[PDB]
Amino acid sequence: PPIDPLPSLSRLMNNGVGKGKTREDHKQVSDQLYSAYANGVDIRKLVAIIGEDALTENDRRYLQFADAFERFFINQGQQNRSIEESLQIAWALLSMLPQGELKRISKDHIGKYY
Amino acid sequence: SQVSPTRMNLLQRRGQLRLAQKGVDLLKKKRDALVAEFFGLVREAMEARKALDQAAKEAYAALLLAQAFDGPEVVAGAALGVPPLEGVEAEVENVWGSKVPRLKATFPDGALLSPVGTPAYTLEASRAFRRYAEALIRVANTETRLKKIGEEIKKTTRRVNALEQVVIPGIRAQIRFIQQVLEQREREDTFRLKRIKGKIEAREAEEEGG
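Keeping their order, the protein sequence lines are chains X and V.
So the first sequence is numbered by full-length UniProt numbering: it starts at 350 and just counts up by one.
So the second sequence is numbered by full-length UniProt numbering: it starts at 2 and just counts up by one.
Calculated directly from the structure, the hints in this document are not laboratory data.
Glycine residues also receive a C-beta, built at the ideal position from the N, C-alpha and C atoms.
None of the hints are false.
Each computed EDC-like pair below joins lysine to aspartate or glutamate, with the alpha-carbon atoms no more than 20 Å apart: (1) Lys149/V / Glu94/V; (2) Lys30/V / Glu165/V; (3) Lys155/V / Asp402/X; (4) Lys155/V / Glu401/X; (5) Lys394/X / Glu165/V.
Derived DEER-like restraints, expressed as beta-carbon distance ranges: (6) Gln425/X / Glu152/V: 41 to 49 Å; (7) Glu189/V / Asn363/X: 41 to 49 Å; (8) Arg360/X / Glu207/V: 52 to 60 Å; (9) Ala49/V / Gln425/X: 56 to 64 Å; (10) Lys461/X / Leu42/V: 56 to 64 Å; (11) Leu42/V / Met362/X: 55 to 63 Å; (12) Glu144/V / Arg430/X: 51 to 59 Å; (13) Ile423/X / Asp26/V: 32 to 40 Å; (14) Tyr133/V / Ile423/X: 55 to 63 Å; (15) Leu164/V / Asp380/X: 31 to 39 Å; (16) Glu38/V / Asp380/X: 46 to 54 Å; (17) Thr145/V / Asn388/X: 35 to 43 Å.
With the hints as extra help, turn the sequences into a complete structure.
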C-alpha cells in the first residue's frame, strides 16, 4: 500500500493509546517514526541544487532510513500485521540511527527495545 | 496579504507557460554538447602522462645518492628557475559554465646542455625537466575544464528538479485559481438575471391579471 505520512496529520495520537491500552511503546514509537523519515526525504531535495550531494556522514544514516521505511515497512502486500509485529521490527530500522541523536522518544524505552 | 488578482493577472500567466516550456527545451541541449566533448579531453589527457611520467623519473631517482653533492652542479649548468609569479602562461577565456581561466605549462628549463658533472645522469636529469612541463599541460586544461563542467552539471540538475516542483504546477495552479473564481462569479450573474426575468414577467402579468 503506498502511504506517505508526511502530508498526513491526524487529530489524536495519544488518545485511545498509552501504556497498556495498546502497547507501552506504541505512544513512544508514534512521533519517532514521523520525524525520522522526515529528515531523510528532506535531503533528496537539496542534493540537485548544489553538486551531486547535500550530505555529511550524520545525514547518511537518516538517508538509509528513507530506504528502510520504504519497501520493507510501507510495502507489505495485503498481509496482516499484528500490533506486536509492527512496532517490534520498527525498532530494527531505528538501530541504523544513532541512539544519542534521538530526541523524540524517551530513554527508558531505549533500554526496553534497542 | 499578497494575493493574486484574476483579471489583470490572467494574460501574464497564460504566456507564462509559452515562455517557460520553450525556454527550457533548448536550455536542455545547451550543456549536453559541452559534456560529450569533455570525455574526449579527460581520456586523451593521460596518454602523454603515462609516457612521460616514467621517463622523467627514470633519471631523477637514479640521481639521489650520486646527488646531494652534485645537486649544486646540475642546477648551475641548467637554465635558472621558473618565476614564482606567473612563470606559467595564464589564459582567460569566457565560456558557458561561467568564466573559468585556463593555462599551459611551458617555460624554459633547457635540455642537454649542463656542462661538467655525472656523465649520463646530469644531462638526462636536465632533459627530464621537459617531461614535467609538457606532461603538465594536459592536466592544466582538464582540471580547469573540470571546474567549468562543474557549473553546468549542478545548474542543469538544479533547473530540472526545481521545475518539477515550485515552478511548473505553480504556473498551472495560477490559471486554475483565476479560472474558478472568474467562473464562480458568474453564478451571481445568472441568479440576478433570474430575478430580473421574474420582474419582467411579473409586470406583463399585471396587464392580464394580478
